[PDB]
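Below sits a lone chain in structure tokens, taken as the form deposited in one PDB entry.
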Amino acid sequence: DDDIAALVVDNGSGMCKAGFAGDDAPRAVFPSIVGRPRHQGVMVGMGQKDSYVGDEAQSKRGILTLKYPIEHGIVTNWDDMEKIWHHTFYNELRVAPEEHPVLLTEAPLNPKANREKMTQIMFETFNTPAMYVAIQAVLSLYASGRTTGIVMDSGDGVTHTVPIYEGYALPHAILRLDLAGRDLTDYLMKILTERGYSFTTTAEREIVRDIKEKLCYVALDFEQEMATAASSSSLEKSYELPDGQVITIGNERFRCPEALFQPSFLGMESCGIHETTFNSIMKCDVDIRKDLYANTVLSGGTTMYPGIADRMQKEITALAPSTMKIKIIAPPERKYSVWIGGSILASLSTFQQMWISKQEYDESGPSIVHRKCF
């Protein structure tokens, strides 16, 4: 209405963050699911909307064949990944995509074809006037007002370390680790189930998770917190199930997050959060390294475990040369960092001397992403 109104759409594997560029928070956060109606045998009819999406298809559940379109940041199905997008505009912000430019968010190491597909779609299908695809991690670093640094992104399915130089992700040094929320949840369950707390499943897996977000913290020294764990009681915390008992965790609080730094805890051969971060940096140019070590930003839910900063601050310091200042930056709002980042980016007059215009999509086609978007 009273201005150009660019939009931001930060696509999480789980939660889709929509919004108008220039805001404080995603003015719409919905699950990324598409329910595809059913019942079987093959019936008397089914009715409206051959596909339901977002918060609505979420209730539906028992009637709809619910589907997750994105896996580990990467788009699994364009048919229903389109439905979520369609919905974002025509159902959430209730805008005609035709009049608003838009920032699309993406994952580090998004395959080429996915990029192009994403492009052809926004332009031919929704007819966006202009768009721009940005790596989720770059936007997070912007949210903390920086351009050069290293982001440690840990959401639900995987963790990436993205060393960014002046706003440009350096793919050669981007590292990916298969540990994130889920893993911490499955461990905690397995470790709570020890005093037969047996949550397992009856809608009981979400209880482990809520314990995880609510009661887990991170230890500065595992062994020593372990010893003090055994000496007991100002570290032993209780938790109330819905219908029932007040449970108790102790050793469990600081033990699940510790697998981050010690994946053998999870039976997996793998470097930890800290060494991974370190490995990326070594893969970078000798001249920017000192500026990566003093700009390790954290983003994503799995980074919210209290204490993760200091354990991070201490663990990298023992892996690296003294010559530099290790300085883990961990912004208070690191859950919505990515959207806020692009809100800021899509707020600048420069975003306009930065993106793909429809004219450009007509002259060049989807391959125009491998060009403009980096």
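Take the two forms, superpose them, and find the largest set of C-alpha atoms that agree within 1.5 Å; that set is the rigid core. Positions refer to the first chain, counted from 1. What changes on going to the form deposited in another entry:
Checked against 277, 143, 218, 212, the hinge of the rigid-body motion between these two forms corresponds to 143. Domain motion between these two forms: the smaller of two rigid parts turns 10° against the larger, based on C-alpha superpositions.
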Contents of the next structure:
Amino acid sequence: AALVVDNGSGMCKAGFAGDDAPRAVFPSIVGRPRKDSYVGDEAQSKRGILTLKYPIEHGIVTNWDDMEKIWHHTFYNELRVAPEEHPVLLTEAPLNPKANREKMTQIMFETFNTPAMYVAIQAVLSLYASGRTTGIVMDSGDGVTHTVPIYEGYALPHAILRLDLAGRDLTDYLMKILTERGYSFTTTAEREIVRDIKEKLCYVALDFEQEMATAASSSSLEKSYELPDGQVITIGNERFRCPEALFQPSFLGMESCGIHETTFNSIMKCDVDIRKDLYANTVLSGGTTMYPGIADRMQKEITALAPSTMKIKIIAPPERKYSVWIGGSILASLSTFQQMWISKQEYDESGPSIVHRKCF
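Hand over the structure of the form deposited in another entry; the form deposited in one PDB entry is what we had up.
All you get below is the one chain by itself.
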């Protein structure tokens, strides 16, 4: 049955429609020496002898030879399947240019000979996975954050906002502020540590200025992190300062609005009629929305921006790290969907532009 490939700036997720989870998740990295290319964990573990390139920049593909290598690796290496035997559902960023969507289609039929394929907007899948066709998706990943208003299955272009602030940026920041504390993480292995601390110990303060005040006057918020070798390194206010940068992006030297303001602006950019539904259906997705306390904080921040009237509801599924993928698995495994596949016949008739009839 169908393949589901969720291309990401940091990681790709691949598996089979109908499964609870992707069977493979690997770094979106292509390495070349001076075999003539390696992808993923294999490339990383040969870092010292390969030139590394990241083909997906901020959700958008910028190098097509490398992206084809990732897909080749996905099929013949990770999933160990013949692509000419399975329908393939691929995902795309919001506001992906038509030119890109056509190239994806071209590669699938012409290089991989897929019998059928489809391209869905990642955000629409996340909303789908939550059992909705209307709402606003806040998707924060490794490379980008998007706020994507959706109404009855239709993502609204005029109202989509992009924020080039995500996971990398947060890991980068935690690295910087731990250095402050007297720790040093210059190597690439030491970066894996920082990222681990970020994913295990960080959290969003409800009230940031009080949280600062508590930390300055109490140790009740400090937690210790144990390294492989047994070395324990203590983390204090950097636990909540790091993710705070999502709400106060000046922390990273950036001249952009927080995630909360950006969400509000996206809603505000819609016709006054559907806002009630967007406000009451704000859905969080992506690894960078995984911090404890984030949903409470969003609730409070949006509440503060929105008219008093509005019921505000933030939905933060526990499955949200993979909600894009799980959406793809749900969509591609419905019999009611098998109608929506774009076949080799239609492509050899209409060519790469037929893909724009994606209703997802």
